[PDB]
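Enquirer: Could you build all of it, start to finish, from the sequences and the hints given here?
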Amino acid sequence: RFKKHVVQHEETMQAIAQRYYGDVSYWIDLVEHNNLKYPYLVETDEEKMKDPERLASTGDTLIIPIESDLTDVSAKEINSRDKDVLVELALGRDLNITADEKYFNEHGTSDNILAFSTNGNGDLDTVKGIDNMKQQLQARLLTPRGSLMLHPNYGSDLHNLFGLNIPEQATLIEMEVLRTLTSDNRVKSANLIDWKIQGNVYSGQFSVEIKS
Amino acid sequence: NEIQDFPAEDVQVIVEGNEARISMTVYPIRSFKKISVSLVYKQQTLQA
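Line order of the protein sequences matches chains V and G.
Residue numbering for the first sequence follows full-length UniProt numbering, beginning at 2 and increasing consecutively.
Residue numbering for the second sequence follows full-length UniProt numbering, beginning at 540 and increasing consecutively.
Careful: at least some of the hints might be erroneous.
Short derived list, chain V residues pointing at chain G, Cβ under 10 Å [as the list claims (entries may be wrong)]:
1) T13
2) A16
3) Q19
4) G23
5) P153
6) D158
7) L165
8) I167
9) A171
10) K189
11) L193
12) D195
13) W196
14) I198
One-sided excerpt, in silico: chain G residues whose CB lies under 10 Å from chain V [claimed, not checked]:
15) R560
16) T564
17) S577
18) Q582
19) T584
20) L585
21) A587
Source of the hints: derived by calculation from the structure; they are not laboratory data.
Heads up, the beta-carbon is just placed ideally off N, CA and C, and yes, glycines get one too.
Expert: Dropping the structure here:
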């Protein structure tokens, strides 16, 4: 895992390692992760134009490992070249099945609702990054608790919670949604920020803390 | 309370030898026979 950062005006590479990891001494290993040539951070972009991929300048992103992966040579090699592909790999890659986004939001808690799609040309669509995490939360919420053919106790009792719209039913629904969202270890916490009623319609929203 | 009201002004009586004739007015207790209702259902909000 890693933290994101950006190059500030005339910040030296010594200064970053000292602020995040404490000891300045660690900058030496920290430059290999960002694959930098000797002018590790340089102010001017027309100087980055010298050989763009092997440098960082003012306004560019940087990668900051956690201290345990700082010394790992494999983490060094991977972070050297992958660069922005970090987030995608770290959140993982999967087949996209939100083909009919307008449609699956008309019949949730019913089956047969999702389907493969095609993007690009001649290849099934795929999803990655934060979109993948959303899609997976979405599918997990719209699936009943014991309906996947292996590893059951997956999904929700959202199909079971339909009731007289009195507030206790609404707190129950809130708690089920929060449990469902907090099931995945990748997510830190969820919390409600609004619940709202319109006769026979529930509405509400939840904030979820995704790890960096 | 056997009568609701009566106009005290409206008592007229005439006597003629052995014979008398009387007239008066009484407000009887009024009933309450019909009730109509207009019952409406509305949306409502409840919130966090």
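Enquirer: A separate judgement is required for each hint: does it hold in the structure or not?
Expert: Quick rundown of the hints versus the structure:
no., hint, result
1, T13, "violated, 48 Å"
2, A16, "violated, 44 Å"
3, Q19, "violated, 44 Å"
4, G23, "violated, 42 Å"
5, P153, "violated, 33 Å"
6, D158, "violated, 22 Å"
7, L165, "violated, 12 Å"
8, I167, "holds, 9 Å"
9, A171, "holds, 8 Å"
10, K189, "violated, 22 Å"
11, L193, "holds, 7 Å"
12, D195, "holds, 5 Å"
13, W196, "holds, 5 Å"
14, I198, "holds, 4 Å"
15, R560, "violated, 71 Å"
16, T564, "violated, 57 Å"
17, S577, "violated, 21 Å"
18, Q582, "holds, 5 Å"
19, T584, "holds, 6 Å"
20, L585, "holds, 4 Å"
21, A587, "holds, 5 Å"
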